[PDB]
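Novice: Spelled out from the first residue to the last, the chains are:
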Amino acid sequence: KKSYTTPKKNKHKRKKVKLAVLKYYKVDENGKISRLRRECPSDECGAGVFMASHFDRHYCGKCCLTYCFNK
Amino acid sequence: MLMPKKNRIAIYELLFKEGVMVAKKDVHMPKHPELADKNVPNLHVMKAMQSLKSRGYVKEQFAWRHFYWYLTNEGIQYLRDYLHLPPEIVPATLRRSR
Amino acid sequence: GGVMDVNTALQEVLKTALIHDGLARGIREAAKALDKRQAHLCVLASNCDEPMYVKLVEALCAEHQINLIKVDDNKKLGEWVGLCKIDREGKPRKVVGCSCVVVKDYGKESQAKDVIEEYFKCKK
Amino acid sequence: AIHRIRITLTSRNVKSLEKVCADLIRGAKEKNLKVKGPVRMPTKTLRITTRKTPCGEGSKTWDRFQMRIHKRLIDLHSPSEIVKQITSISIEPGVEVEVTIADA
Amino acid sequence: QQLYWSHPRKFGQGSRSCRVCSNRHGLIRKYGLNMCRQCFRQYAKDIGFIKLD
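Residue numbers (the numbering used here), protein chains in the order written: chain L, 1 to 71; chain R, 1 to 98; chain A, 1 to 124; chain U, 1 to 104; chain F, 1 to 53.
Just so you know, the hints here were simulated from the structure itself, not pulled from any lab data. There may be inaccurate statements among the hints.
[Unchecked claim] Quick look at which bits of chain A chain L covers, simulated, 3 or more residues with Cβ under 8 angstroms: (1) 30-37; (2) 47-59.
[Claimed, not checked] Think about it this way: if two alpha-carbon atoms lie no more than 30 angstroms apart in a straight line, the pair counts; the simulated BS3-like pairs of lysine-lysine are: (3) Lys6/R / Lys85/A; (4) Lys18/L / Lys94/A; (5) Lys23/L / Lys5/R; (6) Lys34/U / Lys19/U; (7) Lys52/U / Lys45/F; (8) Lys47/R / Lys91/A; (9) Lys76/A / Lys94/A; (10) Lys123/A / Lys32/L; (11) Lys108/A / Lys17/R; (12) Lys15/A / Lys121/A; (13) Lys29/U / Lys60/U; (14) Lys85/A / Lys15/A; (15) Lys84/U / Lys29/U.
[As the list claims (entries may be wrong)] Computed beta-carbon distance windows for the label pairs: (16) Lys51/F / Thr6/L: 50 to 60 angstroms; (17) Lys71/L / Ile69/A: 41 to 51 angstroms; (18) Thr5/L / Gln38/A: 29 to 39 angstroms.
Positions of the beta carbon are idealized from the N, C-alpha and C atoms, including for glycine.
Please model the entire structure based on the sequences and the hints provided.
Specialist: What follows is the structure, given as C-alpha cells:
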C-alpha cells in the first residue's frame, strides 16, 4: 500500500547499440557480388537474410529457438 | 509494437463489414475465437478500438463483461480512405427498416 | 495518367504499388527484395549516404534482374511517400528521402505502369 | 403412417400450461385422433437458501427462494403431418412444446 | 519481452470467476450460477424467480 523504498540499481531496457548498417555485401568489381557468410538455410527462412558470422557460434537471428550451429 | 501491422487490418476491415464489434474483457484469450479468426493472441481488439475512440469515430458501451463498439459516420469516412475503398461503399448495412 | 516521361512515371508506380504492398523502402529491405525474385524494378537517387550502395545496387541488378533507373533529388521521392498511407504528401511532421526503393512486379499490372517500364526496357 | 407422437408441454405457470393442453385435447378429440389424456408428472422444486445480508453483520437471517417447474405430456397416435401442422400454432403464452417421433 | 505470463490455473478458487466484473470471494457454482449473491438478490424481481415463500 505504502510508497516504494529506494533501490540501488534499477535499469530498464538496453539501448540495442547504434551500429552502422549494411556492409554485409562486399563490392570489389561489378557485376560480381562478394558474399561473406552463408545465407540462412531453412524453408521458412527466405534465404535473402544473412546468418551471423559469430565464430564459435553460428546462429540465424530470424530463428528464435532453433538452428544453432556452433563450429 | 503494441501489435503487428497485419493484425491492425484484420480488425479495421472486419469492423467495416459488420458495422459493429463486440468482445470480452480478458487478457488470457489464446487466439481470440469468436471472429477475428485465430490471429489475435492478446488484447488487440480492445487496445485498438480504445485509441480509435480517443479520436472519436466510434461509441462504446460496456455491460456484464462485454464491450460493444458502434461505428459512426466520421469513422466510416476515415476507414474508407484509410483502407483505399470506393467513394461509396458501406457493406455493413444500407436499407430502410420496416 | 503520364505521357511516359521519367518523372511522372515513377509517381504512377507508387499509387497502385501501395495497394499491391510492393514497396521495399530502405537499402536493407531493397536488397532483400532484389536478392529475392519478388522484385521487378529498382530506382536509385542522389547520394546522401556512402559511395558503397551506388556500386552495390548496380551489382545486384547485374546478377539477378536488370531494371535500374536513376533520378536525382532525393526529396522528390521522399515527398511522395507518406507516414502510413495517403493523407498528406506535404507534411512537416515527417518527410525524409528514401534514397532507393524496390517495387515488386512494379505494383499492380494494369494501365500505364506497364507502358512506362516497357518503354524504358527496350531502349536500355 | 400412424405413429405414436408425443406432445410434451413444460411451463412454470399453471394457468398458461393447462389451457394450452386443453386446446390440443379438444382439437384432437374433435378429429378423432384417439388422443390419450395428460400425464401430470411431479412438480420439481429448485431451492436456493442464501444470506439476506451482504457483508454479514447484524442478526443472522437467510431467504428461501423457489421456482416451481411443471411438466405434463399428451400422447397422440395419428399421422405426423397433421400433428406438426396444428401443434405449433394457436399458442398465446410463453410455454414450450417438444414433439417426439416415437416413444412407444 | 517475456517467456511467461501465467502458471497453471485449472482448478481451485482462481480458475473460476464470478460475473460481477471477474470478482471472486464468494465461491459460487450452484445449478449453473456463475452469478454473484449480492446481485442475485437484485435479480429477485428479474426472471429466474419471483419470491413466493
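Novice: Work down the list of hints and note, for each, if the structure agrees.
Specialist: Results of checking the hints against the structure:
1. Look at the stretch 30-37 of chain A against chain L: 5 of its residues bring a Cβ nearer than 8 angstroms to a Cβ of that chain, three or more, so the hint holds.
2. Counting residues of the stretch 47-59 of chain A whose C-beta sits closer than 8 angstroms to any C-beta of chain L gives 6, which meets the bar of three, so the coverage hint holds.
3. Using a Cα cut-off of 30 angstroms, the hinted pair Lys6/R and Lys85/A holds, with the two alpha carbons roughly 15 angstroms apart.
4. Restraint check: the Cα-Cα separation between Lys18/L and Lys94/A comes to about 21 angstroms, which is no more than 30 angstroms; the hinted pair holds.
5. Taking the CA atoms of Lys23/L and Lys5/R, the gap is near 28 angstroms; set against the 30 angstroms cutoff, the hint holds.
6. With a C-alpha separation of about 20 angstroms, the suggested pair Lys34/U and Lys19/U falls inside the 30 angstroms cut-off, and the hint holds.
7. A distance of roughly 15 angstroms separates the Cα atoms of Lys52/U and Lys45/F; the hinted pair therefore holds under the 30 angstroms criterion.
8. For the proposed pair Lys47/R and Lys91/A, the alpha carbon gap of about 27 angstroms is at most 30 angstroms, so the pair holds.
9. About 14 angstroms separates the Cα atoms of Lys76/A and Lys94/A, which keeps this hinted pair within 30 angstroms; it holds.
10. Using a Cα cut-off of 30 angstroms, the hinted pair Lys123/A and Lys32/L holds, with the two alpha carbons roughly 24 angstroms apart.
11. Restraint check for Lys108/A and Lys17/R: satisfied, since their Cα atoms lie roughly 25 angstroms apart, inside the 30 angstroms limit.
12. Among the hinted pairs, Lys15/A with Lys121/A is consistent with the structure: their alpha-carbon atoms are about 21 angstroms apart, no more than 30 angstroms.
13. At most 30 angstroms may separate the alpha-carbon atoms for a hinted pair to count; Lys29/U and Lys60/U exceed this at roughly 57 angstroms.
14. With a C-alpha separation of about 10 angstroms, the suggested pairing of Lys85/A with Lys15/A holds against the 30 angstroms cut-off.
15. The hinted pair formed by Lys84/U and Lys29/U meets the criterion: a straight-line CA distance of about 16 angstroms does not exceed 30 angstroms.
16. Checked against the given bound of 50 to 60 angstroms, the beta carbons of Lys51/F and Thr6/L, roughly 59 angstroms apart, stay inside it.
17. The given range of 41 to 51 angstroms is respected by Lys71/L and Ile69/A, whose C-beta atoms sit roughly 45 angstroms from each other.
18. Between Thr5/L and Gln38/A the C-beta distance comes to about 56 angstroms, which lies outside the given range of 29 to 39 angstroms.
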